[PDB]
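There are 4 protein chains.
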Amino acid sequence: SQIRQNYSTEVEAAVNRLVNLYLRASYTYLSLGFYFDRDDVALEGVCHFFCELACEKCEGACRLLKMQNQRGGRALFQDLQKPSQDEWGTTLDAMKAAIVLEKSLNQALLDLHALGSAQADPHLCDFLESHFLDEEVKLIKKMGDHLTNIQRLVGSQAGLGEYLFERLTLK
Amino acid sequence: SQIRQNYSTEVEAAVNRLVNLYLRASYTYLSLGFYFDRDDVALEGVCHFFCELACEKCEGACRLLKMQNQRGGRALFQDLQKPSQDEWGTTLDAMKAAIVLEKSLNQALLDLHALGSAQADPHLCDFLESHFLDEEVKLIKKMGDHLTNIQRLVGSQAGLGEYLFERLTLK
Amino acid sequence: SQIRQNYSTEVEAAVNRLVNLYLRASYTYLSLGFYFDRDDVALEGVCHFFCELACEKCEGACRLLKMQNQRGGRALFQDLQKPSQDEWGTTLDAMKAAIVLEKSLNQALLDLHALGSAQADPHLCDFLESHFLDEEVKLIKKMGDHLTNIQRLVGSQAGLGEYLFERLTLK
Amino acid sequence: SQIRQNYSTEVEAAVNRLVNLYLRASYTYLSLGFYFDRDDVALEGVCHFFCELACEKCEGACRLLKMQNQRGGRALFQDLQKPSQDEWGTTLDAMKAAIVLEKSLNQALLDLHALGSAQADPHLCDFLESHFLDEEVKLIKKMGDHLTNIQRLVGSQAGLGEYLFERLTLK
Ligand SMILES: [Cl-]
Ligand SMILES: [Cl-]
Ligand SMILES: [Cl-]
Ligand SMILES: [Cl-]
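Going down the list, the protein sequences come from chains X, C, F and A. Quick note: the first sequence uses the deposited numbering, first residue 2, plus one each step. Quick note: the second sequence uses the deposited numbering, first residue 2, plus one each step. Quick note: the third sequence uses the deposited numbering, first residue 2, plus one each step. Quick note: the fourth sequence uses the deposited numbering, first residue 2, plus one each step.
There's no promise every hint is true.
Pairs count within a copy or across copies, as identical chains cannot be separated in the list.
[Stated by the list, open to error] Taking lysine-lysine and the BS3-like style, the derived pairs with C-alpha atoms no more than 30 Å apart in a straight line are:
#	residue 1	residue 2
1	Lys-104	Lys-67
2	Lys-83	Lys-172
3	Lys-172	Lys-67
Hints listed in this document are in silico derivations from the structure and should not be mistaken for laboratory results.
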């Protein structure tokens, strides 16, 4: 590489693995989105929430791939595993699966940051802090707020609660 | 006819029968609309949903009658049967009767398309695909989404659910 | 299904397979796009052409998934195979791989249309004609025009030709 | 100093050396700019590219000097060595000398970041990440893209290639 400088093979490979994780997350959210569009599920605000997250995760993948080429690394794509479920249950089940997925992405970001720290790669550490770590903390906080509101609404009238959350929060 | 070309007597008669079905559907929705305007029913969003569908079905009838004259067929009107009920029950009952009515219209459209295919009438087949078959699929999907949301809201507090659906979805 | 009408299990499964093909094509074009962004390839107009096609194929996947739910079918996602190459060669090599990929998508569309014809599913046949078959013919024609111009420019000065095509056609 | 806090003498001196490096780089690019303005070189887009970089490096010097005073360090200026050549050859030669110069600046930035890490100076580490390390990665990537395009255009008609790159990329 004519440009590569202070860019370890370890970080280059970890960045490719992180792109895979972000594209798998995007695929998971595409499945969640279309599940909530089923005529027998029919929660449009939940459809929109997850389709928006499919787009945001594809953006994170593309940002990583841009940075890989800016550093002189080589993008390598792997197969994208299908999402973990075909049917996603209630909005509560879906939001629980989403926060588990985002905690796994956050841990992957923190692991890559630690690798960049170990490799003395301050551009990598800046890139993640600037475009990923705060976005991920913000999203996980929003999902926790949603989980608490969804849980508050179950009580003994779960259908009513699920409708109201979709109508009055995800509108 | 100076203009008629590739237009079977079978399709001409089936088009007149379809006009009757669309005008009967329009009449059914006029009855549903005014039922939800009763002072002892009083669900304005449900009134508006069905009155809108009365207008849409009259538009479909008029589109068919325009096409009948464009092809050189002769419009023939029959008596319009009164709607199947005088009182329509709950919003759930009404939406169930609506989806049954729309499935019957869709089947009539598919039967006419099959006749046009059998008669090698590609203008007829184009006309239905372009102005009816996707509109009908879209409407039946919307009605299924509404049925699922209405059913979710019954639980043990049916009046509350019926109010909320009218206020928060059909607004 | 409360809504499903005239929608075969055969078409439902073929639509899921077509979604997989479109998402694999989108992934292939994401790889092509980022290959042309490498500092040792550096053809921005070729980057933009393929990244645009990644977006267009994701749109086709999403249109199919929307239609699957409008018909009352169930979206089912499979693993997404990685693209067929890690490195894509010259713009000529890349455009040849793209036209092969688009001919394979077109054949899949034609196969699904034939299935819908065999199943007497005119909504499916309309949907494909309206949103896919002409878009695919148009794209394959554009790729053929590009292949001819790329081939005209090789002569004995291939680097010069590859630069000029990127600067003067894909600008 | 009434203001100085957590600011090592080692970082203060390294910042003065980095200012010298940035002003020497600015001087080098002023020479490159005016070389491409010679009547017997006459490549205006190459003139503009290097004169723009002379301005950008002077901006980096001024940013460093501002930060030195914000931290309570004392700016110290040294003689500015003349650029390494009087005549810069072809656009390829010039772009090769530029990427070598920028790799040397990047290494100086990384060395200063490592010093700030060793001295536990997070303001310094933030300052460099925020205003220098990504700008430098971006510039080196652009220069690599240019080198690849310049090299593609040499073939057996070097004058033609050099003209075309200036006209169609550096316009
Ligand atoms: Cl799997
Ligand atoms: Cl009667
Ligand atoms: Cl594979
Ligand atoms: Cl000297």
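Check the structure against each numbered hint from earlier and tell me which ones fail, lowest number first.
The structure conflicts with no hint, since it agrees with every one listed earlier.
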